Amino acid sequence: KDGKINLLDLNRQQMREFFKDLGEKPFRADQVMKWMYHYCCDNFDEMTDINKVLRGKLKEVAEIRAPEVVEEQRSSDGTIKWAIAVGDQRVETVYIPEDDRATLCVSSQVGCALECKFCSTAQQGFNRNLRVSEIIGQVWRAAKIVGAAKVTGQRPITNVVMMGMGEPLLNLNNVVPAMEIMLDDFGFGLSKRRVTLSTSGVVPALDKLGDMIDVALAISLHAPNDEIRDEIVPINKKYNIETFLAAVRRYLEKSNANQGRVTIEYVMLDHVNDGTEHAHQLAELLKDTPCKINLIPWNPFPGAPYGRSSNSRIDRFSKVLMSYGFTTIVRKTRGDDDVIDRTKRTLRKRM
């Protein structure tokens, strides 16, 4: 807004290049980056080992502006759901704590174009791609809130997943540098095994991803055959299951963050994809792809075309897969979470 460079938009190299233009040596960029990501600092004044002159330069041409929280919802089990303001739009960020880990689910887009029939985001349609600052800024903001204070169980973020609003492979230009910052020693310093990109299967973009970065891959499959997938996840019409699975294999040739084993996501949809015959078909489909299968007890929202699969159907589905020796997990569901308002506020201030 002020015509200043948001430093959260910049990877290590771009940061160094920017600092070079300020007439500063590359080490000063690394130093500021460290303050930004190791101490979640967005205030140049708090950077005590930087001299006043450099501080003055930075305040004039740059800022550290992460997206703000407009709604926080805290659950019993420790799960936090944030609504995040991105310009004039809203995205979602979710913190999920566990005993041995803490996972952040980060949005890649404002809305989505993929039209997955089980997805409430798909209802909105695609608005825009998120900028680097608005992706990495979700991690930054969450880490600040989780760190600031200070509750039992909620350890610092250990894992980040590109899983939320939007298809990450349709925003490669912003998703890739964001992940680079997550991975970087001077950024969040996360292992590549703990940075996971989840995709529904944009094949040429996946081929592209593997040439750009080494990060863990997860796939949103959600169906055992092409006729069912064409219906539930329309992008399958462009790139079918076999085209998707071959692209996964090509990615694993360039990348070893997965250690050969991709996580496969599968929402359970009442009488759509949750039958024993579907499970047997899934096992056959996945016989040549090393995997862990996450069966997801999906909950309907108002207007959803599908119902929840019963627990006994999910159980029988799980057992079929286990009989073939697949590592399969029924994912423990986490959390239980006006138009005239602006004019009303104006009419109130009048009194």
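Between two forms, the rigid core is the largest collection of C-alphas that superpose within 1.5 Å. Positions refer to the first chain, counted from 1. Shifts are known only where both forms have a C-alpha. What changes on going to the form deposited in another entry:
- In a rigid core superposition between these two forms, 153 is the single residue of 87, 153, 147, 125 whose Cα is displaced by 2 Å or more.
- After superposing the rigid core, the Cα of residue 13 is displaced by less than 2 Å between these two forms.
- Identified as moving between these two forms on the superposed core are the stretches 148-155, 338-351, each made of at least three consecutive residues whose Cα atoms shift by 2 Å or more.
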Given for the second form:
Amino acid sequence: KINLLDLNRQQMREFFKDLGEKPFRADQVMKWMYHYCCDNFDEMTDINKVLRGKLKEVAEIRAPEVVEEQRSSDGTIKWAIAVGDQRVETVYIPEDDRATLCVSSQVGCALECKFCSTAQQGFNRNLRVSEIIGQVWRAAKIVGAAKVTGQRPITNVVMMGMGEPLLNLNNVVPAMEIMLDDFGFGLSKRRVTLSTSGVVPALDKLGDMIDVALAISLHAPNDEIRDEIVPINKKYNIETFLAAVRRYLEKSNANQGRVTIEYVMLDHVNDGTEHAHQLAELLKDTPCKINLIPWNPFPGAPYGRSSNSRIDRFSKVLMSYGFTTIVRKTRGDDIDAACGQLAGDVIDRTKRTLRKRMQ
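Form deposited in another entry, following the form deposited in one PDB entry:
Shown next is a single chain and nothing more.
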């Protein structure tokens, strides 16, 4: 059966055309899928029985299942999500004015950022469209579908879970298209963010395919530091990355002219005032908003968390040059908030097989 969660609107329409149906019936089913979080054709009461029959035979709505759920006292929900025989992470971060979902792009990552827990697993495989948009679908279903509760469960999506999104463009783009779609999650392009450590030619490609808000994982003020911290910089250095960012801003207006810059704060590595002065000079040619992120520790990482006084002085230096800078709040502090940790060791895979036999 075809998983309808693999298809954007164009493809949904083409599939329904092959079923002998008019294109607007695809729109109607999408609306059921995403506005109501319906995965059951019998529940789609305004579709005729004949179409329901076709769909039950040749199609399905199969979203990844939750295998673990952690609920923070601050409202954050962290899910381990089953994708085949593997696990990825999806995180729901509520606020009064907002609700952000952090979504994974790959099982593991091949980029080897030393401060990232997902790096130490390595790269396993790319997620399919259904496995990416399906995280939004599952989260929406659990939190409460928009037309069920009368409130949009998710106002904001960030591709900031496990994996490098620019290395899964084939699947990440259609998934984001569904997020943007009126018949999908109806999100504004300003409210869908793709974060990247800087796969430069893939970023040039992204710009030709879709217009979404861009965030860059910079984490260093110069090349010698960034080579160490984020090793893809050895392939495409800061200047190459920043030039690509400028080219993207020419094609896209989701950022409203200003790229989001992510900067993780690693104790006595990239968090000094001397690093802040260098960063300020580095970014003089690129319009931006700077997010300083306290590093989230995990066992065996060769870094420490920067103290809040060191982070605050770093921020003051940046603000003295007139940069819009924001120190991000730690969310879900009472739970396993470090990216990649809840979908931990891949060796537990065999143990899961054995577990299911006893069930």
